[PDB]
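Only one chain is given next, in structure tokens, and it is the form deposited in one PDB entry.
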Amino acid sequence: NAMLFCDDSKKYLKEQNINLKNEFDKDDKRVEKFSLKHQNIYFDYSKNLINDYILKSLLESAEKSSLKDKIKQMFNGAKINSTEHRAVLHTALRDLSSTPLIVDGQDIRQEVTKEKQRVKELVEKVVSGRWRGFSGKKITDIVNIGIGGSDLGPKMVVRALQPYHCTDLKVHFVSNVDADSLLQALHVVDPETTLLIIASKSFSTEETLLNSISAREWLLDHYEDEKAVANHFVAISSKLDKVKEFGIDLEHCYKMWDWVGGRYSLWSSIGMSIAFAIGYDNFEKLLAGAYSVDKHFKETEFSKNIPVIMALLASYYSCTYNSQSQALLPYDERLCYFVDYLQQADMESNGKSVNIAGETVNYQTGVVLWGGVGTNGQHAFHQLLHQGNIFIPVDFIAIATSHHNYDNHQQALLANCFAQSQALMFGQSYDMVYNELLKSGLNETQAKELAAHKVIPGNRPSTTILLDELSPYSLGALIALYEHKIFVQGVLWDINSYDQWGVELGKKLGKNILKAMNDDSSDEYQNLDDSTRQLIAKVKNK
């Protein structure tokens, strides 16, 4: 009996026929109305296909929804992951309020703080040289072994904060079961000077276990002494019984809690590899930026609340325009893994077909998130954003100042970012193009033949999120904005953003296929569909 977000009312808001050029021409307060600031982040949503009526209508839907309650329930540790009967407490990982929070018999404040102190001590011991490898050498390289939630956040953040690397350690990420992943790391590191991290919430993920067994075999091939495992492996998991069973002791294990979703886990001990690159002080700054956004989200009325606006715009488009993707365009090289990271956060959360009650919903839920770094994307796929006939909401991320003094490059980067959003809004008409072609020296027949092909329809929406700089703090804030957008979207759609049951079937079928690949007289092999069977046969013959 949850409020329906995607209803007939939303579908009709579209009939306002918003014309962006016309709104900016006539409304001298358009930017003031449709922008927000949070500390060093400027959120400009003024190039979206909205006016006062449309926005106020969307805000009224949020107000009428359960969102106000759900926000409190998330922060207070209510079991809002309702299919798994778990709290959803990635916010607690970065808390600076110190308000009382007792969940599942644990003092969450004490739990979080204590594990942070342990990670901090580990990083300090390793960087200072007090931790030595088994042959007594100082560690020079860190290898994280993990996949999905146990890989993407650390990998993305270590890249994004490259200018802040300061530990004299090189950090490597092994993830895919494809052994190329492991081998890219092992080919450039020395077993005597490498600390390996097995990062797995479940400690049962096939790829991570295979990779960890292979890494252990490599280490033991070198040392020929099982005691070497003590100086070269640590583990991050919620299943410490399984870590012990693997052969790593509890003093070498760093716990995470069931209420830390993998795709919201970089803030936890899974972030260890981040601290190994940029130091623990910078890790605390990352956390503190996220906290600032948590406080904003929890405390701010919806009309001035950045994640709530982000969520309403996105769900409005995918409802009323029936769009099936969103483009995210980060105009900074350092954010090269940001789209990949948010693909997991967004699509693994909101790619759900049933509501909280288990009923199949008759409205579309999460859409495809894609994009690419600017300005490169301008030369790859912005052609489609400008002249294709697919409706695609666009977010630009701009960074005002970079880490170097090539000011001309930085100015051009930003000019391009702002030009792309301006181009989406304005387009260029047939008459404008035709006149330009004449002025360029084409005759009338040539101008008439070409002009239609150069018309850019325009009136296409964008949001620009401008950061003062890409620091640990501002990056933490930026990621949290999207975490909360995703949350708000799932609440409005009445889905569970925090489970991921859809991946189970593939895991099961993968085990059966491995059996079939090893024994064609097996029941597994006989029960395959013939496409799978013939794919297995084609691999065997090669």
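Positions refer to the first chain, counted from 1. Rigid core here is just the name for the largest C-alpha set that superposes within 1.5 Å across the two forms. First, how it differs from the form deposited in another entry.
- Considering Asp221, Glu245, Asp431, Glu444, one residue stands apart with a C-alpha shift of at least 2 Å between these two forms following superposition on the core, and it is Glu245.
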Contents of the next structure:
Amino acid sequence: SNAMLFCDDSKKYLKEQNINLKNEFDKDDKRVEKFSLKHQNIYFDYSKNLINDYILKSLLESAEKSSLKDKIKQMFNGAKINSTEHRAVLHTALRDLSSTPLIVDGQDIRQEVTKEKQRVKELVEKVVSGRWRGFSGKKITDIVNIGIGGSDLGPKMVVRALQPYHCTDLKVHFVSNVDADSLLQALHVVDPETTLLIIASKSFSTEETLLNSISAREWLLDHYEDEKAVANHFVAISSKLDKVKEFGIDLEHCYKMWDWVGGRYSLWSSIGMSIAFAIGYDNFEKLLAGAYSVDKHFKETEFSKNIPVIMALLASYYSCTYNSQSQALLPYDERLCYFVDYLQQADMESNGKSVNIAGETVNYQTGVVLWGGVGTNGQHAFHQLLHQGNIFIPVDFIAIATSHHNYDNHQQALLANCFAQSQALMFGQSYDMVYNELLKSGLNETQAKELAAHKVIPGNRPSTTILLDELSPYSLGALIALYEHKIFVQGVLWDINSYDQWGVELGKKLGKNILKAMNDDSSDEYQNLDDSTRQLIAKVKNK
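Given the form deposited in one PDB entry above, I would also like to look at the protein as it appears in the form deposited in another entry.
Left out here are the partners and the other molecules; the chain alone remains.
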């Protein structure tokens, strides 16, 4: 295509600068000032990355020469930047506070977002206040969200992350996998007379959600033995109005899903109602507002001071020039235990693409594996490989300055460990240092010589630390939005469509064919199987 090539020959010459982090911090008393940014109460420290002024300048020039400035405007204005589906990409509009005019494919987006939020707010208030009653007349005590992917991970992550803010006296449960263990974990602990279930399914056709929904309905009706009970116990987030009505849900309680909201960008929409059912609508608004803060930052700030742009440039630089194939994300807070899982979908489902916008196969690597784990626990699981393995892996740390309790010694130790692990990545420890330490420990020269090489830690390994003041609805919204925009920037620089997901279609089709084969070994489906699939089906049956 005619697009600027990001991963070009010039990028390799940047890495020949041979950056040594210890030397840079020693020589440059402005290093932190140069390579850190603030947005409100988020501090973004990228100074332990393998950059200097020349490398950063070069990368920023690539951003400036690219289509990025135009693409940011196009996203926010509702241009159809999801070019394979001919759709706008307007998750930003879900959290807008600017109130500027936005008319897209005939709809006043401001009015439609606002009116839908009012419907959800009113639902949550009616349920929490006890005005909503189940079919036997009882107040609701439990909410069960039924959805998968986009319709599960964001709500589940946010509900956990904001646990200190739970305030509705409702318990919220998440059913997702078609594996019935998921449904059963909820059903074992809820009462049909006091439970409200949410079916989150755009087309009412996602297989797992359909089976879970039907099985939930059967459970409810086994209790009540009256079809009319569905209306008091189920709501839907769907566009498939006929199937929602056929299930027995009142269309007053069918909530909107717009085509310009990708599933993996949908927690901000009515899909997030389970968040509001846990933390109340006021806190859901604060979540939205935090994201807006970052949207305004991203939209308005010159690239050299723009956090998501810097995040994207660093990531793409590493995966281009060091040929790295993964990135580690290390949240140093228990509350963020589903954060990595959530961003795996946002990042990998967006940028795991092999063709550009024009449909040409690209000759450079695109999205890499995102993985990681909560700290300090990861220090005792996989940090060994981060320190002494021989895989190049960029590392992001998320630190939270203050927690939600008064165990101040624990919080101090948590932070000290976070900072110590980035410092260890930067400095390492050399043979001479180790050898001298072993002698001082009481080993003799022979013993110290035999052991020291095994303790050497190469160091000079990069990291970024993102420090939040606290983990509140607002700050979490800001955090998630930073990564949403990082992912957007990377897709623009790689000239891919971050907003489609055609790769998942084949497995859905093959799954239907295999289900048919499992039920009828005379079928064309069974006959056409590869023999691996055929013998796996046989092993299952002859159990």
